[PDB]
Structures are given as structure tokens and as C-alpha cells.
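Q: Here's the letter readout for the chains.
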Amino acid sequence: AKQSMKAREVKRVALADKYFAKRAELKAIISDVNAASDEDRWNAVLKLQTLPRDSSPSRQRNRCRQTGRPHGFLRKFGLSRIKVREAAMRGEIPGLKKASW
Amino acid sequence: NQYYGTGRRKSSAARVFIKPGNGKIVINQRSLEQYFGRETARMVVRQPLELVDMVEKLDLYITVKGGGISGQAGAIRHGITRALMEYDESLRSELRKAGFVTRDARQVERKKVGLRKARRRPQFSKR
Amino acid sequence: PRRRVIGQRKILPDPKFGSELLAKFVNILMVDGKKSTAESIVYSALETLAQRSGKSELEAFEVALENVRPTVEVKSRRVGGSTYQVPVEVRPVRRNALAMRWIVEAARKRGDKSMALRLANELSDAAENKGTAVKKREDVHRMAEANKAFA
Amino acid sequence: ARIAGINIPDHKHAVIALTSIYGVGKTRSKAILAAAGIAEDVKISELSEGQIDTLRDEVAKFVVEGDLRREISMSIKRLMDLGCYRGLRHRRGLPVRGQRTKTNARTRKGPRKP
Amino acid sequence: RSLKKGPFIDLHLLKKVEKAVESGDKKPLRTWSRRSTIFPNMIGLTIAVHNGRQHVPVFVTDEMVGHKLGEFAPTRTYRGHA
Amino acid sequence: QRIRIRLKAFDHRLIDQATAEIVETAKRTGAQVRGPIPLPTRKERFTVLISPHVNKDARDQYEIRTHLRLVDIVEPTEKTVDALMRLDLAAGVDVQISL
RNA sequence: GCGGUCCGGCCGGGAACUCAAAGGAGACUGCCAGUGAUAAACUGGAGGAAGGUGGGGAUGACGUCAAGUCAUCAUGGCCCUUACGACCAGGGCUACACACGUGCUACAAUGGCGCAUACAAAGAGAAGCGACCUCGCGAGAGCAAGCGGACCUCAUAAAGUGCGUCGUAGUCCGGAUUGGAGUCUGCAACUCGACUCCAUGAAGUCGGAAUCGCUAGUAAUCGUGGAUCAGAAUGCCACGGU
Ligand SMILES: CN(CC(=O)O)NC(=O)C[C@H](N)C[C@@H](O)CNCCCN
Ligand SMILES: [Mg+2]
Ligand SMILES: [Mg+2]
Ligand SMILES: [Mg+2]
Ligand SMILES: [Mg+2]
Ligand SMILES: [Mg+2]
Ligand SMILES: [Mg+2]
Ligand SMILES: [Mg+2]
Ligand SMILES: [Mg+2]
Ligand SMILES: [Mg+2]
Ligand SMILES: [Mg+2]
Ligand SMILES: [Mg+2]
Ligand SMILES: [Mg+2]
Ligand SMILES: [Mg+2]
Ligand SMILES: [Mg+2]
Ligand SMILES: [Mg+2]
Ligand SMILES: [Mg+2]
Ligand SMILES: [Mg+2]
Numbered sequence: 001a002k003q004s005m006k007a008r009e010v011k012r013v014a015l016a017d018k019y020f021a022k023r024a025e026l027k028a029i030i031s032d033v034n035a036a037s038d039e040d041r042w043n044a045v046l047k048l049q050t051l052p053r054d055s056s057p058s059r060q061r062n063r064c065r066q067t068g069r070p071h072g073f074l075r076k077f078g079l080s081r082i083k084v085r086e087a088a089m090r091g092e093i094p095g096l097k098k099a100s101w
Numbered sequence: 004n005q006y007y008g009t010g011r012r013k014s015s016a017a018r019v020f021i022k023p024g025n026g027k028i029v030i031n032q033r034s035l036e037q038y039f040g041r042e043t044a045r046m047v048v049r050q051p052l053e054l055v056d057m058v059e060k061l062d063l064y065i066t067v068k069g070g071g072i073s074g075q076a077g078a079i080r081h082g083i084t085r086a087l088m089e090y091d092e093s094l095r096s097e098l099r100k101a102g103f104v105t106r107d108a109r110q111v112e113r114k115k116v117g118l119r120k121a122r123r124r125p126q127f128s129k130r
Numbered sequence: 002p003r004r005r006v007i008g009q010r011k012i013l014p015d016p017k018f019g020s021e022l023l024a025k026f027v028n029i030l031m032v033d034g035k036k037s038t039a040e041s042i043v044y045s046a047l048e049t050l051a052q053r054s055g056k057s058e059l060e061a062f063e064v065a066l067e068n069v070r071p072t073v074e075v076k077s078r079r080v081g082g083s084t085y086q087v088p089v090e091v092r093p094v095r096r097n098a099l100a101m102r103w104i105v106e107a108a109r110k111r112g113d114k115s116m117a118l119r120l121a122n123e124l125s126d127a128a129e130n131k132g133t134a135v136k137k138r139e140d141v142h143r144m145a146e147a148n149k150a151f152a
Numbered sequence: 002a003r004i005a006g007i008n009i010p011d012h013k014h015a016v017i018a019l020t021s022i023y024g025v026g027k028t029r030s031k032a033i034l035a036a037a038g039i040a041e042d043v044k045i046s047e048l049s050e051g052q053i054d055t056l057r058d059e060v061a062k063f064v065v066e067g068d069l070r071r072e073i074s075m076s077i078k079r080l081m082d083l084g085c086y087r088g089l090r091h092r093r094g095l096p097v098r099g100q101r102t103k104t105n106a107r108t109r110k111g112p113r114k115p
Numbered sequence: 003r004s005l006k007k008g009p010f011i012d013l014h015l016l017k018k019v020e021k022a023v024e025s026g027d028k029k030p031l032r033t034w035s036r037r038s039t040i041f042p043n044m045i046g047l048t049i050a051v052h053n054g055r056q057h058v059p060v061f062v063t064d065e066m067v068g069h070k071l072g073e074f075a076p077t078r079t080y081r082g083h084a
Numbered sequence: 004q005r006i007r008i009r010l011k012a013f014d015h016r017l018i019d020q021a022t023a024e025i026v027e028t029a030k031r032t033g034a035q036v037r038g039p040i041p042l043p044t045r046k047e048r049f050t051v052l053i054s055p056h057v058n059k060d061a062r063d064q065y066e067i068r069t070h071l072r073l074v075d076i077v078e079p080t081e082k083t084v085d086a087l088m089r090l091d092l093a094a095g096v097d098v099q100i101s102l
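Residue numbers (the entry's author numbering), protein chains in the order written: chain n, 1 to 101; chain i, 4 to 130; chain g, 2 to 152; chain m, 2 to 115; chain s, 3 to 84; chain j, 4 to 102.
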């Protein structure tokens, strides 16, 4: 799916764990009300924007791991709907057989 | 002594204990007028003891689980007959012609892909 | 059907009386699976037949059913590009089915407040051989001996 | 008989007939009557001048009548003067809150013109 | 409707305004920030707002305060069908 | 104190020989066993489109079953604890111990 | 079934029953009448939970339409290469005289509203599901245990039943549209989110020619769950009630 689109996903994920899941303190408890309700929170709402436009966990598209498809994704397998069927008929997804109820 | 039966209907399951002598019907620690608000449901639990005359002649201790109102009442009627056939062994051919021994095996059909329901198909247009 | 020909399915009696023709009448009235609400209308309408116009509760429903029953009907029988309306004898299980549907469909297009009162007046009008359920029966019989020559 | 709202309500129940006043819906009508101490199954015939006049004072506290029509037309005139996005949707009869106009804008656009 | 704990503005617009206010106005101030809130500090300024291809000059009146800057630059060209 | 062992697998024949080996083996060195308990079977379901491009109504449906067995041992003698640790069963069977 | 109780399966206890999931049995025209060409086979009866492939699913023969997909992927040929490749901000895919398809909600009394009270199945959960308690009319906020789960949570099933009111009206039917005030997710809610509160209260009174689905736990009607997913279903995939 256009090689550079695969690279956008792998840069976004490296820059998000560079800053966030540690530098969430600016919104984690700086934006909730106690003695920090003065201009310090207002300094946070502005300081949270100078970190790069990436770095946020809500800009990851979650593509398929082999083909890079943006649609038809399944979080349980990490593959697109095409690749889970292509790989389930060969017996390579464990325990995943055809359901009949 | 108690004579036990198991009856089941759509998704309901009923356990039934009968003891000799009373006209007591107790179901889930409630009486019949408090448990079944529907009189059709009231009249299908009385069906097997109206064919066989043990109305003031046999007590009944009932529990039910699952399903809804009419589903639970049908599971009981099936469970009373199994209890009364352990009691006597010769009320069987009386009850087979009443259709109370057949377990009604009609279940909900699963929803199918491409269909709006189990069998309802979406609206077709020629063009 | 062509091949799978059918037995019958069984109806339960009514609880208060023990009649299945009465239970077929509740089935025909029932809308959207609401069976408890159809018995409420059917039970309340029948005793409000009884002491408003004449006793013997369920005898009064069968006698109101005696008049709206058809004996002949028309049916179309195709030949080669010409369809005649041929008068047919109606069968006794089809007699009650057409009579109960015409009573229920007469009661829906009325002007009374409730459905149990619309039912009660249409059943009362059927006992006096009046109303619209009787005239639905009259038009079927008029067309049948109008096409007597195509028998 | 009539309110500060110059309307004339009629003989329904009082919680229902107070909604005849423009600017008063269902929970203002229950709050008006709850503050007057009047039960809601009472019509307006049955209801005194000492109870119609006391109903007028608390209704006279909300912004309920043609004073509210001015404040509503104030705020539309407002948007129509800034030339903002909501003002260009208002002067055009097109839906304002971002609904679909490709199909199904028929309340805001009126009956269709070919 | 953003929640009541902080209105939003960019940093580059926030700082470019405050320097431009203490000097008299100017050129129209070029920005791409359609999402930033107009503040009380900006009454009198002219801000050229991007709309996709152009920058529409908006002279801030008092009654534009509280709105977003993108409301005063239409992004869509449309004039009739027939 | 009863030590409690839960076994998870996608296969029911593999899981029963994992129960049978720990049911074998606590009784090897003399413990109370209740035996195996069937916990409820978890079925995960999946429904995929099978065409690469359109045709919404053509699909395949897959599932994964997860079989559960529970056996508790309330004689944990010290011949048991490391003799329970020296046991080599299959690679499809997840064991989780817990007190 | 017993002992006790706070009268809660609650505690000892029991392994009976429901249930959980492994194994086994059972249905085969097996038995019997009659019909049919000493046939096959058919109609009917008994027993049985089930009777004639018991219900439902998966399973799509040789081929047809040069059917669909070079955009999931792979790949022959051709073409671009300081650009038809790569990075960034803002916009657009949501435009709007109009026409069509598939849906949702309605046009009410077999109903609307108000109070009280019953009976499900199946699914999901760790940068998640999130009880109790407190604040808020509400969406929600604070605090915050339990749960990698037959245990904890999502999570209060709705139609139903009992009582009351409305009394056939553009209505106490309908809830579109618009104004104001908010909540949450997220760098960010203007273009262009969902939801809450107050107000507003459109069309619509059963739909021309035409046309669609369904043979039984089906149609019709009523709620619940899941994937995708920070947020964002009237769609889709599942589950039960009548
Ligand atoms: C929505 N409801 C309204 C109602 O209840 O009447 N039903 C309908 O609109 C369909 C209508 N009942 C009958 C129609 O399909 C057949 N008539 C054919 C006309 C000429 N082809
Ligand atoms: Mg590639
Ligand atoms: Mg996303
Ligand atoms: Mg269903
Ligand atoms: Mg479809
Ligand atoms: Mg009003
Ligand atoms: Mg929208
Ligand atoms: Mg078995
Ligand atoms: Mg038989
Ligand atoms: Mg390019
Ligand atoms: Mg599109
Ligand atoms: Mg739009
Ligand atoms: Mg009512
Ligand atoms: Mg009307
Ligand atoms: Mg009108
Ligand atoms: Mg209303
Ligand atoms: Mg109204
Ligand atoms: Mg989501």
C-alpha cells in the first residue's frame, strides 16, 4: 500500500512513545481542578501544543502488518480480512476453524 | 416421597417436585396468581392435573429458570407430566394423547448473513 | 403447494370457555404478536354483548357468526386467455375464516372510542343482520348468483 | 382566563394549558404550578382569580412571551450581520447545524421547485 | 463546544497578535489558523485567514469575540445551479 | 491450602492429557484431589468478507474455542510442590497456577 | 433431604436437581397393516423426546457472463524519475434547482403520558470494564475497590401486568427545524462529532400508476450484545421475549 504509507505508521509510533506515555502529565493531572487551577494549567494547554503534531495515539491508523491495508482490520490477529482468510485456510492461525452453529 | 420431573420449553427450564395431598401450587416461592400474571399461563399449568384428576389430591413444588412468561409456563407443564409418570407409571397413555409428553423442540432460528432476519430478505428491485 | 402437502397445526382452546373457534377469533384480531391485548378486547367485548343486548354469552357469538357465514363465493378459472368468474361452494372451515375476518375488519373502520366497544357493536349489528359485515356478505352473494350462468 | 402572556388558555388541565403560553413547555408548566401549590389535574375553570393572579406572578419571572420573540430574532439578526457561517446559512434558507443538503433538507428548504 | 476549562488558541497566533497590538496595525496578518478563538485582545486587528487557496481579510468587530476564526472565511465556492 | 490450577487450550484432546498428567501426579505422591472441573467454553466468533472488492453478502465465519478444566489440590506437601514443577507437558496447553 | 438463621443459598453440609463439558446410547422405513410387476416404493398405524433427508448450518460439479478486482497482494508490457516520486499547513471527499435505491421515525386509543412491579440469551474487558459513596435536573465530575473473569464489571431487558389521566383533536399524536446554556473524547469539535438541559412545535390524518418479503417458533413486533473504534450507527454481524 504505497511504501511511504508504511513508514508514516512506523514513525508515528516511535514519536508517540518518545513523548507520550511519559509526557502525558501536562493533560493527565495538570488539566484537573486543584491549586494547579491558576495560570499553570493555562501554561499546559499551550505547552501541550508545541510537541510535534504527531506523538499522539489518535493519529495511528492501525494498518495490516503484511499488506498495509487501512480497512478491514482485525485487532485480534493484526492482519486485514484478506490475510486472515488466506492464512486461516492453510492452518496457520491456531485454533481458528470454520464456525457452524 | 417426592417425585421429580424436568421439563423445558423455548429457553426455560423447570424443576418439579410433587408430594401426595394438597392443592398447593408454589413456584419460585410464589403462588400461581402472583407468579403468572397471564391467565393463559395459569391454565396451561393446570392442564395435566385437569386431565388426570389429582387437583385436590397432589401437592406441587415448582422452580423455573430462563426464558420468558409463556416459555416458563410451558416448561412447567412438561415437567409436571414427567413427575406424574414417575408417580404412577400408568398415566402415560392418558397423557400421550394430550400431547403433553412431547417436548416441543421449536427453537429460535439464527439470523443469517445477507438476510435482515432468519428468513426475511431485503427488498429487491429490478432496476 | 405442488409437492409438500400439509397436515394441520393445532390451536389451543380458549381459557375461559374452552373453545378454539373463540381462540381462532383472538388470533385473527391479534396484531404484532400481542396476544394478551387481543384477549382483553375480545373478552370485554363479549360480556358487553351479553347484558346490553341479550343473554347466553357464547351462544350469542355463534348466532352472530351464523349470519355472516357465506355459502357461495366467486373464483376465477382461466381457460386460454379468458377468465370467467365461477361461483364456488365454500367449505365449512373456510366459512368461519371468512366470517371472522369480515367481523374484525368491520369493527376496525368504526367511530367508537375503544376497540372492545367497536367489536361489541359490530357483533350486535350482526345479530340484527345490519351493519357492514352483513353487507360485505351480501355483496359476495349478489355477485355469485349474478354469475350463475358461468357455472 | 389569561396570563401576562396575553393569550387565552382554555379548559384543559393546568399543567397542559400553561404550555399554551409561548416560552413555556412542559417543565416550566410543572414548575409554575408547583410554586403556586396547585395540583395539575385541575382545569382553569375551577380555578380562582386568587389563583389565576398568583399564577401570573411566577410566570412573570421567566422570559415568556413576545419579549422572547425579540430576543430570538435578535440573535438571528446578530448572525446575519457578522457574515459568519451560521449567518450565510440563515439568509439562504438552508440547514444551519450541518445536516445533509444533497438530499433531505426539506423542512428548511420548503416544498421542491424544479 | 469545547469544555469550559480553557478556550483554545494557537501559540504562533497568540504571540503574533500580542506583538502586533503594541505597535499599531499593519499589513493584514497572515495566518493559517482557522481553529483558533478570537480573543478580546484582537478587536481592531485585520487577520488574513486561509480558506484553502486565498487569505480572506477579517476586520475583527467586537461581536466576533467568542467565535472561531474559520467562521469568517468560507471554504466553499458556490453560486447557483442554473 | 488448596492450590488451584487452570488449564487453557484451543484443543480438547490436548487439554485432557494435560489434566490427566496433573491428575496422575498429585495422586502420585498422595494428595486430596477433587479432579477436573469443566469451566465454560469460550467461543470467539469472526465474520469476514471473502471477496477482495465488493459483494457484501458473501462471507465466511470463523471461530476460536477455548476449553477450560479446573482441578484443585488441597494437600500441598513438599514432595508435591517441586514434583509438580518437574513435569513436561504439551506446548498447546496453557497452565496457570494460583493460590 | 437435614441442623442454624440476620431468614441473603446465608453458614455447616449434601452430589440429589438445574447447569458446565468430555464420553456413550438413541431413528434405521427398525416393526405392522394395505397398495404395487415374486420389485423399488408409496399411504397409514404402533412405540418413542423426535418418523420418513426431525430443525438449522458448512459443503457451490463441468461450465456461462473476455462478469468484478492491476486499489489488499502478486505480476508481463508500457509510461514518469530535481517527478506521475517524498515532506508539510489549510481545505475537500459532508457542496445542492434536481432524480433514483435501501432504511429509520411517524401519521395514534390494539394508543400517549404518570406511578408501582415481573420473566432472558448471548457477548466483551488491561495504556480496558469500572461497583460503593458524594456532587450535578441531566449528559457527566471527584474519589475509587473488584476483575486478565460460571467469581468482578459493563448491566436497571423491553414489550407485559395493576392503577390513574387524556376522549378522537393537527390532539397530552408526531419530534423535523431553529435560538440559548452545557458535558465528554481529542493538539484541535469553524468548515465537520456524539450526547444532555430549557425553549420552539414543521410536514404528516395511512400514501397514484407501479412494486417487495415471508409456509412456523416463520412473518410481525420488542429489547440486549459485538466488531470497526480516542470520539462518532437508524448500517452490519449475532442473541433472546411475545
Ligand atoms: C403502509 N401501509 C399503509 C396501510 O396500512 O394501508 N400499507 C401500504 O401502503 C400498502 C397498501 N396497504 C397496499 C398496497 O401494497 C397494495 N395496493 C396496490 C395499489 C396499486 N398497485
Ligand atoms: Mg507494494
Ligand atoms: Mg483513529
Ligand atoms: Mg428474533
Ligand atoms: Mg445489504
Ligand atoms: Mg408552549
Ligand atoms: Mg452529519
Ligand atoms: Mg451427548
Ligand atoms: Mg408414528
Ligand atoms: Mg505527488
Ligand atoms: Mg462516500
Ligand atoms: Mg453537510
Ligand atoms: Mg392508558
Ligand atoms: Mg385521529
Ligand atoms: Mg397540514
Ligand atoms: Mg407528547
Ligand atoms: Mg404537539
Ligand atoms: Mg466506538
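Note that these hints are calculated values from the structure, not bench results.
Every residue, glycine too, gets a C-beta built ideally from N, C-alpha and C.
There may be inaccurate statements among the hints.
Stated by the list, open to error - Some residues of chain g that are not near chain i, with every Cβ distance over 10 Å (derived):
(1) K11
(2) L13
(3) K17
(4) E40
(5) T49
(6) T72
(7) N97
(8) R109
(9) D113
(10) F151
Stated by the list, open to error - Partial list, derived from the structure: chain n residues whose beta carbon lies under 10 Å from chain j:
(11) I29
(12) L74
(13) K76
(14) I82
(15) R85
(16) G91
(17) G95
(18) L96
(19) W101
Q: All hints, please: hold or fail.
A: Hints, verified against the model:
At roughly 8 Å, the least C-beta separation between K11/g and chain i is not larger than 10 Å, which violates its mark as non-interface. With a minimum CB-CB distance of about 8 Å to chain i, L13/g fails to clear the 10 Å threshold, and the non-interface call is violated. The Cβ of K17/g does not lie farther than 10 Å from every Cβ of chain i; its closest approach is about 8 Å, which violates its non-interface assignment. Distance to chain i contradicts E40/g as a non-interface residue, since its nearest Cβ pair spans about 8 Å, not more than 10 Å.
Against chain i, the non-interface label of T49/g holds: every CB pair exceeds 10 Å, the least being about 19 Å. No beta-carbon of chain i is positioned within 10 Å of the beta-carbon of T72/g; the least distance is around 34 Å. No beta-carbon of chain i is positioned within 10 Å of the beta-carbon of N97/g; the least distance is around 22 Å. Chain i leaves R109/g outside its interface by the beta-carbon criterion, the shortest separation being 24 Å against a cut-off of 10 Å.
The claim that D113/g is not at the interface with chain i holds, since no C-beta of that chain comes within 10 Å of its own (minimum 26 Å). The beta carbon of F151/g sits about 36 Å from the closest Cβ of chain i, which is more than 10 Å, so the claim that it is off the interface holds. With its C-beta approaching chain j no nearer than about 34 Å, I29/n sits outside the 10 Å limit, and its interface hint is violated. The beta carbon of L74/n is positioned within 10 Å of a beta carbon in chain j (closest approach about 7 Å), and the interface hint is therefore held.
Checking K76/n against chain j: minimum C-beta separation of about 7 Å stays under 10 Å; hint holds. Below 10 Å, beta-carbon pairs count as interface contacts, and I82/n has one with chain j at about 6 Å; its hint therefore holds. The closest approach between the C-beta of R85/n and any C-beta of chain j is roughly 6 Å, which is under the 10 Å cut-off, so the hint is satisfied. A cut of 10 Å between beta carbons decides the hint on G91/n: the least distance to chain j is about 12 Å, and the hint is violated.
Taken as an interface hint, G95/n checks out: its beta carbon lies about 3 Å from the nearest beta carbon of chain j, inside 10 Å. With its C-beta approaching chain j no nearer than about 5 Å, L96/n sits inside the 10 Å limit, and its interface hint holds. Here the hint on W101/n is kept, as its CB sits about 8 Å from the closest CB of chain j, short of 10 Å.
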